[PDB]
Structures are given as structure tokens and as C-alpha cells.
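Following the hints, complete the assembly by docking chain H with the ligands onto the known chain L.
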Amino acid sequence: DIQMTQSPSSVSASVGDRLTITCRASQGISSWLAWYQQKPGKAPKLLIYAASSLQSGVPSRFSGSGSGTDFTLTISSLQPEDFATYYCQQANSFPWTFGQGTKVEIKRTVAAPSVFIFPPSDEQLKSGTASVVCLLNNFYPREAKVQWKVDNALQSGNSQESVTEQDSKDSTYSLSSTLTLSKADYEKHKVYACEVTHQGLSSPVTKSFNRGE
Amino acid sequence: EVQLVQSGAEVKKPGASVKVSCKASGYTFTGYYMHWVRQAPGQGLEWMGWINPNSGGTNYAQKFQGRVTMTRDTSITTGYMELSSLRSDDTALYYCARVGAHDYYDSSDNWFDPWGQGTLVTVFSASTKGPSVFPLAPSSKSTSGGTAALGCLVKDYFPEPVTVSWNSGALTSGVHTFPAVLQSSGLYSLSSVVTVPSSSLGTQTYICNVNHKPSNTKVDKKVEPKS
Ligand SMILES: [Cl-]
Ligand SMILES: [Cl-]
Ligand SMILES: [Cl-]
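Chains as they are written, first to last, in the authors' numbering: chain L, 1 to 213; chain H, 1 to 227.
Hints should not be assumed to be uniformly reliable.
To be verified - To give an idea of the interface, some chain L residues facing chain H are shown, with a C-beta separation under 8 Å as derived from the structure:
no., residue
1, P44
2, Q160
3, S176
None of these hints come from the bench; they were simulated from the model.
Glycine included, every Cβ here is placed at the ideal spot set by N, Cα and C.
Extracted from the complex, chain H is given alone in its bound form:
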């Protein structure tokens, strides 16, 4: 599989710098450009620049010239984007993307494909805080018509984001992971829930896998009916 896997989300103070990595695998690394594209709150997409990993040459959008540096390490097929003098409106999802060539539109190789999963960089002076994870246990009050609901509450973290999987990715049907809310404390909270047959709460195991990369917090929480 061709894939681009980026480093984890980070919070950085205004004026600092951030360095995001993009590990490529499954294709000839020096045979494609690596581009960076970012996505601000308003969900617009903004091209930042490219690096040619064969020659080491780069080209940056005028908006980021003097503030961005793109580099690569061919020996570990990884590209990097470093953005310095961070400001409030640098808070964004940063994507790496593969582009085969810049001179022949007729080929599928020569467009953004594939993309990395994105790295959320939050520019703010506050310190990172890892979440607490609490079970939302199935009970008679969360069982309607043969279906049971259960989940995990992920409370008090900063910055965004947290990711939640269930049973290490094996459980996806019926999962809803809610958008975070901003609490008055300034910390985020979200819940992830799933609906399952009530008939098999005694035999199936339901574990939520919580990841908050900015704090290097990984929590696996088993959710069981309360005795």
C-alpha cells in the first residue's frame, strides 16, 4: 500500500516553530514530489509548497516564504515541514501529499494522491493536558428494544484532538464519536458511543482505545455492565 503517515498533533506557543513529519512507504520515495497543504478552521485548503526529494529542491508559496522549510531524509523515506514564527492563524490541519510530476496534467500521477492523515497544530500558550477516560456502561437505562448503548467519556484534555477506536479497530459499525465540546475550563471533552445487541453483553468484550497524541496519552478502557 502507498501511504503517507504523519506525526502527531502538537500545541506550540506563538513565536515558536513546529516540525511535522511525513513518513512515506510503499512507493519509490525519490520518484515523487511531496507537497504540503493546510486547512484552517473555515475548511479552506491552502497550498504551502513542495520538496523534490530527488534533488532536494523546494518551492514555497509566497505567503510562507521566509517562514517555512521543507526537507527530507531519503534513508528513512520521510519528509518534514517546519513552520517558524508561529502565529494564531497558523492553527490548522497540515497535510502532506504525493505528486508525481508538474508538467503533464493528463496523468493520474500528477495530482495530490495520496494524502497523509493530517497533523493538527494548535498555536496557543497553554500547556498540554491528557484526558481522563470513564466508562459509559450499558444498563437497563441504556437498552431500548433489544439494543444496548455503551461508550467512553473522554474528559479534560488540551489541545485537540483525541481519537477513539473500539476493540483496536475491529468494531466500527454503530460507533459515534462526537465532536469535542469546549468546557468553561478551557479544556475539551467528548464521548464515543456504540450500539450493540443487548443479548450478548455477557459474552462480548468492548474496549475503547483513546489516543491523545499531544500528551502521549494512550488509554484502553474496558466497558462492561455494572453489577
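Next comes chain L alone, as it looks inside the complex:
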């Protein structure tokens, strides 16, 4: 079988940069090479085929070059929506095989989060559980610290976080932290607070609410 070796495995670049991604075949495949883009949550999409032909409808900043064993995908002017994983693929011989993929990430300016907090819904409380959600919206870089305080007591062991992939329009992250308690424990305290620390904030930001108000 033909092995396809892609490099680099990942690259961080700025909007407007020229980016090059390489793919090396283990043997000569002439021009039987394609490049695909896989955006988050989506199927791959053909960008370039026959090493250098542009697929209809694909922005022309994506171009390909090379023949034989060494191939290059070029993005001439990187855009935020180019955050994606790119794969080469040979069609010279079955089995058709792919490179391991190159993850493209976008560098941008610092952006402070907007912070929102949600008490549990009355519907959920009826079921016996209280989920309290803290949202950090549209920040950069990804490093962020979320601390839960319940009646000014720092919490540990009862929250989970999830972060989005970089946004396709502004390259920021968003993050949810969910504090989960029994309805009984929830009803034993008044003040629920989410304290956010991030490079874009001069001082930590706290969003809080009093249970039942």
C-alpha cells in the first residue's frame, strides 16, 4: 500500500499569512493526488485534485503543486474560516490512502470573555438535580480559569468544563462550566458565583445570583 506522510501535523498562523502543507508519497504517484478540507463537525470537502486543479466553487487562495512523491497545499492568504484539518489523498492505487492530516489553527489578538451565568431551570429542579451553567463567550487565547463559589465557599469536584473549537468568523473560543448539585444541596445555599480569570481582563470577573431571585 502507498503511505502518505503529511507535515506539519499542526500549524498556527495569522490571518493573511501564506501557509504551506506538504505530503510525501512512499512511491511515485504522478499527479494522482487530492487535497481535502474538514471543518469542525463536517465531512471532508474536495479542494484540489490531480495535484494542482482547483475544484469548482473553492476559493482560489487554496492551490496545489507537485508531482511524483512531493506535494504542497498552499493557502496564499489565510482566512479565519480556514480553521480546519487538511488531508492529502492518493488515487494512484487501491487501497486509496490519506495523509494523517494537518490541523490549521488561527493566531489573533487577545479578546476578553463576556461572562453569563444561568441558574437551574424549574423543570430540572423538579427532577431533583440542579445544573448551574457559567458561560465564557468569545475569548482568546484559550487559557482561562473558572472558579465556582457557593456562599463564598470555593467549590471543587462538582463541575465540568467544555471549550469550543476556534470560531470560523472571529477565531475565538467559548467555554461552559457546569456546576451540578442535588436539588437538596442546591437549596442549602443562597449565593452562586462564577469567577473568571483571563489575560484579556484587568481583574477577575464574577457573575453571581441569589437562589430564588
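Quick look at chain H with the ligands alone, frame taken from chain L:
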């Protein structure tokens, strides 16, 4: 429009079989091969085989030979991929893709285009469980500088995935649907949020459309400010 629409995600026990379908529309069905490609956790892509829907002939990657069967039903322009004796590392996103021919690289027809949306097959002994959907209501504590945040919490489901749309697809700007977390119970949870003008919470309607296909759960939840 040329499109390939695949069947929904499924959980299957180790040793069982799964049969994924790929409904083609908008092109001459017998005029293109249908290929299958799968994507494991490490996001590598792995070609599985093809079916020629005109002749019915197939060709499978040696890795899946004896375990995969590709078939088609021309009368409903649908292809199928059945993978038997499922094992833990068969957990993957399975894609169908259209390929025009295998002998002329210079044509755009003769590469994977388009692809189906993928079908997540989870190989595990646990039973399917549908999610609960709770509102994340906009309030004074989720309103900063003229913008309000609101959302839906989608809790306690198995296996992945759930999809969330807003207002049946008409609301996409500012939506963030978070990657699922694995709870200690073994069930998944995620939230989907959107930011909107605070000025119009009284006049706009915000409904999250939650789909968990493994359990045939579809939930539309209206999210409104709490009185
Ligand atoms: Cl060679
Ligand atoms: Cl409520
Ligand atoms: Cl509306």
C-alpha cells in the same frame, strides 16, 4: 442539489453488526461509484471499499474483507454498508462518498465528491438513553452590554451524538454548541447557547431543536425570560 444523506447514529454491542444507509439524490445514481470511508477517534481517514451501483460489483479494503458488505437498491437510489463482528475499534464516523470513475485522474468527477454527513457507530454494550432538555433562560445575570445569552442544556444521553439547531435552522449567528462532556454516570451532557440583542427578548422567539437519533428523541424547547 447533489446530496448523500446517511442514516442516524447507532450503538451496537461488540460482536453485532451495523447497517448504514446512504440515500443519493440529485444525480444519475447508477453513473457513479459509492465509496465508504471511516474516521476513528484520532481523526485519521480510512478507505473501506466501493460498490459499483450499475454492475453491483464491489471491492473492499483487505482490512475489512470478510467483515463488510456493500449493497445498493437502485429503485430508491440508496447504498448500504454492513459491518459485522463489530469490535471496540470499529467505533467511528462512517462516511459515504461519490466517485465518478477510477481511471482518469484529470477529472473532478473522479475523486470523493460529495460526501455524506457521516454516521457515528458506537460499539459498546450499554443501552441507548435519550436526553432531557432544559432551558438556559436569558436574565439580568446573562445580559452584558446590550447582549443577552440564552441556550439549552441537553443532559444525560448515550451514545453520542446530539445535534442542536435554533429556530429550525433559521438562527445560526452567534450559536455555540459545546462538545459533549462525559459525566461520571457514563452519560453525556452538552449545552448550546446563542447571544442575541437584549432589547428584543420580548418580541423574538428562540427555540432549540434537539435531535438524539440513537434514541429517536426529538425535542423542541422554547427558551424565554423567566417571569
Ligand atoms: Cl517510486
Ligand atoms: Cl424554569
Ligand atoms: Cl423570532
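Verification of the supplied hints:
1. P44: holds, 6 Å
2. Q160: holds, 5 Å
3. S176: Holds. Min distance 5 Å.
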